[PDB]
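First comes one chain, alone, set out as structure tokens in the form deposited without its partner chain.
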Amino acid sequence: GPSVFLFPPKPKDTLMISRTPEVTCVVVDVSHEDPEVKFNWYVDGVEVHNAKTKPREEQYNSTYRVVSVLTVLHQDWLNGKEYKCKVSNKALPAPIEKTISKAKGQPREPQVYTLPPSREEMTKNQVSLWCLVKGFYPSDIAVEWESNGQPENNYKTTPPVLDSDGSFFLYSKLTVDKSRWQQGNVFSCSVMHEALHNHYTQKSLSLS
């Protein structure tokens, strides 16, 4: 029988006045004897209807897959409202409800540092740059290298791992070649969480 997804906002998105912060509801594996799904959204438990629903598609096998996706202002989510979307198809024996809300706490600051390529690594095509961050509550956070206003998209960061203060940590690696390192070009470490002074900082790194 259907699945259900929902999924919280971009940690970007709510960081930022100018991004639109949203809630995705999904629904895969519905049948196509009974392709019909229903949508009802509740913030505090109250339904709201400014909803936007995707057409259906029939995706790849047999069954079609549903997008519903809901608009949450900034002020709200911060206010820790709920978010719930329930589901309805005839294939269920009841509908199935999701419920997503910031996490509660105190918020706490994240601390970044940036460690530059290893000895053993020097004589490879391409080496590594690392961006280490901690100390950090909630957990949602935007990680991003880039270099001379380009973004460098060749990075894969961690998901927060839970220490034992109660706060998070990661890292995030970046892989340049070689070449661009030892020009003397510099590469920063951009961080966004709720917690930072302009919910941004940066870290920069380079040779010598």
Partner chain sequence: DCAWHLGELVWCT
Second form
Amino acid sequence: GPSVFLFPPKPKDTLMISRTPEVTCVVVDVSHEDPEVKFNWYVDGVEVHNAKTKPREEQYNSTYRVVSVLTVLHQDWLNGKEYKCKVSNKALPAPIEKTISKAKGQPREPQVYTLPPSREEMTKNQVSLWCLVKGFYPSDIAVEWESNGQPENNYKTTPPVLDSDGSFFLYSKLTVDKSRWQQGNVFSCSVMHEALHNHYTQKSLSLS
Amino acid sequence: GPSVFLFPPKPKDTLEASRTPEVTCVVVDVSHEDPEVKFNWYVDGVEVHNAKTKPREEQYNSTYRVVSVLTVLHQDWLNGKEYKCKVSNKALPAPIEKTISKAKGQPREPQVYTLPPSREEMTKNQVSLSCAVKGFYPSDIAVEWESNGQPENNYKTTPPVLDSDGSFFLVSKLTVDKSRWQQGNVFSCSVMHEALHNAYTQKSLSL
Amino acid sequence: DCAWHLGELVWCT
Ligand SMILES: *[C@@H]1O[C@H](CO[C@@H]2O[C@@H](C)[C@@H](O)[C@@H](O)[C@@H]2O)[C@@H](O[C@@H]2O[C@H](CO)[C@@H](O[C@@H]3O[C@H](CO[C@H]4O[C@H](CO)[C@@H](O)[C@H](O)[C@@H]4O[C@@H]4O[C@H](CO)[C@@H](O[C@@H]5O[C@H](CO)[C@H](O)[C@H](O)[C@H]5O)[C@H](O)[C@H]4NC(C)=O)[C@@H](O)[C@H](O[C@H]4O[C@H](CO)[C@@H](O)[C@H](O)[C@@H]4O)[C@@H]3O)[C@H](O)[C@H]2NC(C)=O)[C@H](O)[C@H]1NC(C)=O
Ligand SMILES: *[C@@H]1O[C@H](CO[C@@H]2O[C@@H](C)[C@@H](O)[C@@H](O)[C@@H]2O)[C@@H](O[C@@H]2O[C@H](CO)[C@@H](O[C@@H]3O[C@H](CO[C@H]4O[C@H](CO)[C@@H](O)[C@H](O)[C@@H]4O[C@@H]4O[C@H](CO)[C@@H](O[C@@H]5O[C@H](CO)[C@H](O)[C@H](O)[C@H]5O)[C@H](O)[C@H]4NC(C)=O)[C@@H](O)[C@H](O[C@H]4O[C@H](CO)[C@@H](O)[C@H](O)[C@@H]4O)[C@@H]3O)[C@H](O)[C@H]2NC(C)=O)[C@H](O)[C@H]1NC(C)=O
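Next up, the form deposited with its partner chain bound, please; the one we just looked at was the form deposited without its partner chain.
What follows is the entire complex, opening with the chain shown before.
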């Protein structure tokens, strides 16, 4: 029988006024015989009508995927409104309902620190620039690196870790050719989170 | 019928000569009408007879959890031997087999760097000491802290993260009262991994 | 004031 999965907007989309956040309600296992699906959407319990159904997609396993998408206001999301998707179908003796919203709780401002490479790393072909981001809540966040106005893409970032004080932390690690460090290039850790001023902070790191 | 889950030993257990690593075959959804479970263990295809069954345990959702534990030698595990559990139960159309072994590929030696707190953290109540560990393979590792030969427990460690060169890295973060840092105390990050000399290294950090 | 990320507008108070 049909099953439903409801996904939140991307952190980046909710934090950048210049982007457009959306919630996505997915109905998998829709049968060939009863492909018709009804969507009702609710924002904190009030029905809204501006959703749009995405093109139907036939699946290798002889079922359809049906997707409804609802756009959302950044501040409705960040103020933690609850979005409810209700799915009805002939193969479903009862309508399925699903809800999401921002993780509940007081937002806390990340503290962002940059850490130079260890003196013991200085032997190696490349070195690690670290960015420690701690004391943040909720765990929705984006971390990116740049140098001289350009993205630096050779980085990996750890999953958020729940800390003993109820906030989260993570580390981001940017790997650069050691000569790029010795040359005094300034690298910057850019963090987006709701509890930062204008949702954004940048911390820089260069040879001392 | 039942479901089978087969679990590896703790990295620490395979890495300390003193500990007993074990591999654990957990059978859930065993019925009340048919509690009898036959276990067959194979090490690289060779049947072995020294596994030990745990006391059966009622789950209160109409099923038993039935568990067989096989002790393993440290070198057998680390040499990449494959461990097979075969489960037979009257509720199975045929025996469920599962396998586990250590992850494959040249082990690689962690590079362990302790990083002091940022200057900007210095007017806060506590500071973060970072033990950054990278270049390790496989991902099985253990990280701990101490100071003046006593354990320091107020830390958290990230999961290992697959890096672009196909090794892993993680960071462990120890939080200490700012005063403890300022006064020149030495803090130590201890890392156990198969590819280190003596499955062990310790790096220290102080102001 | 506003925050930009790689030329792109993040937010303004
Ligand atoms: C018949 O076939 C279909 C399709 O099978 C696919 O093709 C085959 C060939 C195989 O490769 C499959 O692996 C393929 O999926 C089967 O459909 C699958 O059913 C699953 C359950 O039955 C369902 O599992 C659940 O997945 C959740 C995560 O889903 C993510 O990620 C997976 C892979 O990582 C991806 O396949 C999904 O599409 C989905 O991806 C997300 O989509 C959302 C919405 O689009 C994205 O968010 C939006 O993105 C846009 C822009 O893109 C924008 O940013 C919006 O703002 C935003 O909303 C998001 O980015 C995507 N994420 C990623 C990573 O890509 C799990 O969370 C969930 O777990 C929960 O439920 C379980 C219980 O069932 C629990 O165990 C668990 O703990 C959780 O509670 C499920 O595991 C699959 O998603 C689904 N596949 C698809 C394509 O929908 C079908 O089952 C099969 N039927 C039969 C009868 O055989
Ligand atoms: C009836 O109830 C039972 C029991 O459940 C409990 O009781 C009821 C009342 C509820 O309250 C439950 O919430 C309780 O758990 C149900 O049994 C459950 O069935 C699930 C499958 O249906 C099964 O899920 C699978 O779990 C895997 C992980 O299991 C880990 O972690 C879980 C949760 O974190 C934990 O509960 C399990 O015990 C198990 O924990 C590990 O145990 C091993 C072995 O003992 C430990 O390793 C050993 O440690 C010792 C020292 O102790 C020594 O060092 C040894 O060397 C070493 O081997 C290990 O430390 C424990 N780890 C942790 C983290 O705690 C998942 O990985 C798995 O997913 C996989 O399979 C799926 C596809 O099949 C995939 O989607 C997925 O990607 C994976 O491939 C499953 O999700 C539960 O484990 C199981 N619960 C228990 C306790 O066994 C039963 O289902 C239910 N029946 C009905 C009909 O309702």
